[PDB]
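Next up: a single chain in structure tokens, the form deposited in one PDB entry.
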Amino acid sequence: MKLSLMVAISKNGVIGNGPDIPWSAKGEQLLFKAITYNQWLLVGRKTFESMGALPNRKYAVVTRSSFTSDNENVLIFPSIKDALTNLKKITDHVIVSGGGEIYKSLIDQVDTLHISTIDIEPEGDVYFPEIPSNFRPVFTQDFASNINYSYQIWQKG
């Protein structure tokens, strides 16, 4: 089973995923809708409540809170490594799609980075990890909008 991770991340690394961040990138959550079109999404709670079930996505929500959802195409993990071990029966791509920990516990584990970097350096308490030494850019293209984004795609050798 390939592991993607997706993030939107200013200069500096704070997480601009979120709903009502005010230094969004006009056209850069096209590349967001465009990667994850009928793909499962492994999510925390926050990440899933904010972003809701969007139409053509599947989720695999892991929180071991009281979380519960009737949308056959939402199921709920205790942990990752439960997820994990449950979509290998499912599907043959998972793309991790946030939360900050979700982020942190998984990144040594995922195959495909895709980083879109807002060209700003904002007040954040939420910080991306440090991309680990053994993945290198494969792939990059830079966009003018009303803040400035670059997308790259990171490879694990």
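Here the rigid core means the biggest group of C-alpha atoms that line up within 1.5 Å when the two forms are laid on top of each other. Residue numbers count along the first chain shown, from 1. What changes on going to the form deposited in another entry:
Once both forms are fitted on their rigid core, the CA atom of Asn17 lies 2 Å or more apart between the two forms.
Mind pulling up the form deposited in another entry next to the form deposited in one PDB entry we just looked at?
No partners, no molecules, just the chain.
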């Protein structure tokens, strides 16, 4: 099973402020929607509750609480090891899609990074983890918008 990771990171490393992404970069959302289309996303409970289950994708959510869902495209797991063990039974690809805790737990085990760098230095308390040294960028594309962003893909090895 391949693991990808997708994130939008501002210039100071901030990805979140409380439950919110502290910016709106028009157009950036399209990258996320396009790459995650009909994919399994692995997300932490906080991100999942805040974002909700968008249509046309499937969610593996980790929680230590009794959090539940009645959406047929959502699976709730008590641990990451348990999410990954079960996902490997039904898919060959999972996209880690946040938040801070989940990115930090899994970045050493992912194969491909999708990083949109957002041209802003906002206030926030949720940061993206340091990127392991064996990752290298293989593709870059700049976008001009209300807030500028740059999309970059990284491969391990």
